[PDB]
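Before any questions on how it binds or moves, here is one chain, the form deposited without the named molecule, in structure tokens.
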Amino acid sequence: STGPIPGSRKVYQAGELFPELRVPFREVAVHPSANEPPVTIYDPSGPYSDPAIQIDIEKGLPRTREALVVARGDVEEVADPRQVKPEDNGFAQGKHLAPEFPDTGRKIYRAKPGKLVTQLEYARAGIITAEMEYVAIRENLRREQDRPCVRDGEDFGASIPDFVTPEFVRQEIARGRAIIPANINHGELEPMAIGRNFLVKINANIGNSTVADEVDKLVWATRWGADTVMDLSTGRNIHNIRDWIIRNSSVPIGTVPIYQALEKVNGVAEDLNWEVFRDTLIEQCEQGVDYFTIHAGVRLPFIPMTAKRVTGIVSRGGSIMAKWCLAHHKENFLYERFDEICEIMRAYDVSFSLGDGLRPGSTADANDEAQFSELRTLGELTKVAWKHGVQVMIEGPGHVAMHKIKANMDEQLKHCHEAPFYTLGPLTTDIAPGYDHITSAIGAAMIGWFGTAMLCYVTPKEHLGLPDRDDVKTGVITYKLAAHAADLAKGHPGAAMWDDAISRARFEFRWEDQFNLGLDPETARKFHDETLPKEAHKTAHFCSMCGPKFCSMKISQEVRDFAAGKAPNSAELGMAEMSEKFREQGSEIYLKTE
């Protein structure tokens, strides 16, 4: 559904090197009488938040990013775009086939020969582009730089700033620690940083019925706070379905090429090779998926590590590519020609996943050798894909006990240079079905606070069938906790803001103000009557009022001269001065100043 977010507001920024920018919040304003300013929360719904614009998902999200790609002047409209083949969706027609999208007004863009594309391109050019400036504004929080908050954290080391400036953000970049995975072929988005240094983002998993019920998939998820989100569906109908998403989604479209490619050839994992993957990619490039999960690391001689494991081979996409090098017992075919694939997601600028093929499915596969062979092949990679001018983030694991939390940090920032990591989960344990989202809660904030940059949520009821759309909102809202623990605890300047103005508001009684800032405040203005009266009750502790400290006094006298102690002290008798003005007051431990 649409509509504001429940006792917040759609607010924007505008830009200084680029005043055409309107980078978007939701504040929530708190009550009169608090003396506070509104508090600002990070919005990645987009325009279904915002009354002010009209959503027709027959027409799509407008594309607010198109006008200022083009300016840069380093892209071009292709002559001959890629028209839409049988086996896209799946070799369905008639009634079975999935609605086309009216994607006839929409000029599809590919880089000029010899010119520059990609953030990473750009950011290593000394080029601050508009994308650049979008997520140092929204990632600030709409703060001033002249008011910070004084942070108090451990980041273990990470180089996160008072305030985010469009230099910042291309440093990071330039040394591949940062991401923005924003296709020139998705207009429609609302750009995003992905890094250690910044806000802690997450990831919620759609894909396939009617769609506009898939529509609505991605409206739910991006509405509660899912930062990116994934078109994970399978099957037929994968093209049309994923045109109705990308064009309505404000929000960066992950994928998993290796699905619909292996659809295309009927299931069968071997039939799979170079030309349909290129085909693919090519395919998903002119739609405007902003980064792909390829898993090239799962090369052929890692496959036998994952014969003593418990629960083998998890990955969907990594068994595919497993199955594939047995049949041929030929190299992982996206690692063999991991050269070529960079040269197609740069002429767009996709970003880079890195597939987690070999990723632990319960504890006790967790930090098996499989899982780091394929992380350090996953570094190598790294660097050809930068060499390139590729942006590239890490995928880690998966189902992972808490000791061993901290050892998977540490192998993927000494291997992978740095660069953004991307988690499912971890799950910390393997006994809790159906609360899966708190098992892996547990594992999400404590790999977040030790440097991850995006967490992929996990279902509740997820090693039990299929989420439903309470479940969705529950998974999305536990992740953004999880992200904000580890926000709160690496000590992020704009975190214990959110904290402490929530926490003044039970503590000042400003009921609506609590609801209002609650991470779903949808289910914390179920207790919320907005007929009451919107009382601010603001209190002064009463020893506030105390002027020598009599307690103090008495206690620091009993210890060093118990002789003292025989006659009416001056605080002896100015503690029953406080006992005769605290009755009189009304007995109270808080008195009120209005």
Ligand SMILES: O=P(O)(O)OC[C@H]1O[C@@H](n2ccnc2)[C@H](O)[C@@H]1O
Second form
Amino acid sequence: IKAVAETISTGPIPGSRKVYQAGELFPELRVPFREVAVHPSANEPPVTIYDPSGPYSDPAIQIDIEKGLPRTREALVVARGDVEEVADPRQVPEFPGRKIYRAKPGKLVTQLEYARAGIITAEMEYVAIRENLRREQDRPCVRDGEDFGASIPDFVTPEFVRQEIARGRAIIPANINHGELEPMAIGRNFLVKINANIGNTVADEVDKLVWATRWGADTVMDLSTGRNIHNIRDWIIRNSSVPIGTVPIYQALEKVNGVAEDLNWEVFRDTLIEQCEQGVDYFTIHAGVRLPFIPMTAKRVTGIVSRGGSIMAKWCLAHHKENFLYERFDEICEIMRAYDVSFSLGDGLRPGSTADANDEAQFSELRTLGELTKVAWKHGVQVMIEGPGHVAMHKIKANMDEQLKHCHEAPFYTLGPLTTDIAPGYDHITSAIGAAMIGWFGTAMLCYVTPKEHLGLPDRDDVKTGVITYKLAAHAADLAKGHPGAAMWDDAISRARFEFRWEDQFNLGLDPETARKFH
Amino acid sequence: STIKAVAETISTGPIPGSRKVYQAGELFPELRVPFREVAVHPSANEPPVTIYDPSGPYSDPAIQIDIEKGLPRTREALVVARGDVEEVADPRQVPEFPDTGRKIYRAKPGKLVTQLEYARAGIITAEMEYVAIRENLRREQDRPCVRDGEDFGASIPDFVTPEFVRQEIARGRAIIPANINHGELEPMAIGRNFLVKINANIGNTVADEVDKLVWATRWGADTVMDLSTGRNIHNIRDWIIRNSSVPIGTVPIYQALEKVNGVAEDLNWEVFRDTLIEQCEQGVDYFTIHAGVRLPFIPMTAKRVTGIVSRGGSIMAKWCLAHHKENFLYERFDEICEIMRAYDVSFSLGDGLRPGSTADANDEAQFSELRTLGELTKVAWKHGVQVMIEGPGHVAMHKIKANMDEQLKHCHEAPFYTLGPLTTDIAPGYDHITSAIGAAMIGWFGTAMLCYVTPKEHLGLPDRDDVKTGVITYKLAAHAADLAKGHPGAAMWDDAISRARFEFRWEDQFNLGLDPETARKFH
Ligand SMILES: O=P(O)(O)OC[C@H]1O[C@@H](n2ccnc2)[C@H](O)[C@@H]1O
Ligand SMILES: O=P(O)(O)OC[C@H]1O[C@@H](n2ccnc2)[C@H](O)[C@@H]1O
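Mind sharing the form deposited with the named molecule bound? What's above is the form deposited without the named molecule.
Now the complete complex, all chains and molecules, led by this one.
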């Protein structure tokens, strides 16, 4: 509590300052960016950089993790008139005022539902502003890139955001119970986003949360297992300005003392409700691990490597019945749409080795995920699809084409891929290669990999390394795609290099203090 | 005294988890071709895994290292045996290395001497069999084979034979950098149809540099370049070459420039010429030479974001603008070939006009130079000199294939040798990563050798630890390319380590990684 209050890193990002752009449709919005001014003699405008760090890097805002972040999104949600306060919330150190919400009976609360109704929500304008990086349409816009048939506009408008969401091609993860959130969008026609994984002291985890988003993590997932992951997660969500994801089966397994066999729908249901009221923005759910797909993995070089996938497979095998997450998929949807939680359909059968890439198991699950996508959309629930994994370079394009076709252009969310298995200790690098390429091919979010992958638990230095690696991978992809806003950054830093403006070069880099130190 | 400094600092002995093994030549029965081998747990019932090993005798317990004497000159006797070279009457003489045991050689007038000349003459040399054996990683030659990859129209065989190697050299599509005066060399091949090689740069105390050489090759550097500037550069380089089992490259203009006291305008042919001969006799295996930076090309760089970033290129640009004359490396190219051919030194045609930023990638100057390199290539071949081509640079991902396409066409499939490329400019201090991305991709598209990049790129001088990070980063990039190309030897390594991860054989997982000590420590 107090041990965290000091250990966490706050203050402006070295070389820059927090700036805000206000909304027009919703005049009270303040959309955050960070700004990097260069030498006056350079005679250039400051450079605007996308910033997921939150109020933590704004000295005007008092931080107190014991109280949580300001709930600056709560008012915009209540004002829509479709949510009511939950009379008696579910209940499980404890986090020390916050009302808990749920859609009114018969009301529609998801971003997808709103978008299909023709409605531009506050979150949507928020995202449109955020995605433009304060660029003005004052100069001609010439595209240099190859985006493989994507529809990235010269300039994002709130109406474009609504169009993308309504068609299922973008999502805004935004539980009505995460009032702290600074809205972001995931989708091919926007900037490539990245995810940081946290989870095994409360301070340590909040710390990694703040550290991860300080350096550019766009979402964070709390992958905690073991004792007291509910209370733990309170501390993270209340103090997070980025979307927070989870794998609900992890906690459900704990309730049944780590026995996959003893898992059931009731425990999983209770867990969902608990996490919905908590403010979790997306759930990874391995509903595509079907009974008959499991024997397809017996011949694999590395079997089933997914944690969530292994758990479901163990249940299916012990009972010899169809995956109950797959079975109750409609009932899962009826819960999530009441709070606007997004689906992240998991790859239980992802390749754990390049030998296993693009095999029958992986693709069978993938095509099943596409089917479930349409069922999710019918209930008005937003979706993204999870991908591999270990994939040699010549198979990465093929991964992307299978997803695009079989999953109806829903956003893709990958773990790497790692492009070779032979370099433990450097897996952030083997995966950065695969991550940059697949993002180029159209992947919307990249889950990070740290050097400790396959070996140990990431400390806050491994977290940073991972985040910086994936930020540069994501940006390399934006640039190759010809994203309208990518090359101003590269050109700014390159003009500084040219003129020997060493300080501007450091301040414009993903990691200014490391660059200055090495110089 | 320097010798104590050196012998104490350098890392020697078995590479953790593996042991030096040799395969004997058959065409040349005295050849001993090195690999390293990693045995896995007996309960796995698997043969040891054979790994390509450029570490040299430093990790061979059968050999007693002694830097004062240099490395075993195991190559001298095969060179001499051909009867095409003779001792130099009066060798050029420039902490000095005790170079008393080494005869210096030069081609006899009218004799064949270069690997390219022998190859075109239908001759299979000791270096050719050596590399063919090496490239096979001790795999079984009489075996059905089916390849899973996409090599974009390469000509990779299921199994490398000495004649395949000869054929590749003769058409100019592969080289073997091997100066007759580098008797310590363990021969290696560079070519699209062989394993992707990597290069580590060192240079700026002698013991500092010899350590980096040993450290670099220990972790998998296939060649090394001594990019030293300033004073003592000839004498330092003695300590490197005599103690290198890998090919050593330089950029001769760096030294030529020092002889004329930093003034690029005072360079001239006489000083360049004398530099070439000195390094030829020293045993330098390849010369990066920026002969494509032509006078009319220089104003094209004016419209660039970062202009001319090549050090060698900038030096030549300065000379040209000052004397208002065509690049003399270009004008006297013929004479340069006649010198190199007499010692079998390979050309590395430098990219003086490479893009220093993604913005300038694939522009007029870059490609104008590339087509010129392509024309110099034919002239070099006419003189019987081996050639590889140097390339970018900073290039965003979507422009990378186009680079390979232009190179293959205009430079007639000669081997390509890239520095990265870096695929974005905004991560100083992580440029080994931004460039690993480009390097793996262009390796996949057919690039033969990848010049590495460390976290210090653009910022500082790499220390011991930066050199290793760069080397490991490029080894995995080069391997990622081999795997994606469907190279017949690549999958075995990845599969072995994946079986170890699956069966929870931690020791084996550690030992089969590019960096065993790190993995064990992280675990
Ligand atoms: O599938 P398992 O349970 O192994 O791993 C879940 C974690 O891996 C991430 N992921 C992303 C794509 N595939 C998997 C997912 O977002 C979460 O961070
Ligand atoms: O062009 P300059 O003189 O800056 O750099 C030459 C170094 O950079 C390497 N290189 C490789 C491809 N392009 C450049 C070349 O092999 C040598 O190692």
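Definition used throughout: the rigid core is the maximal C-alpha set that superposes within 1.5 Å between two forms. Positions refer to the first chain, counted from 1.
When the two forms are superposed on their rigid core between these two forms, the C-alpha shift of 2 Å or more among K308, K404, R151, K414 belongs solely to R151.
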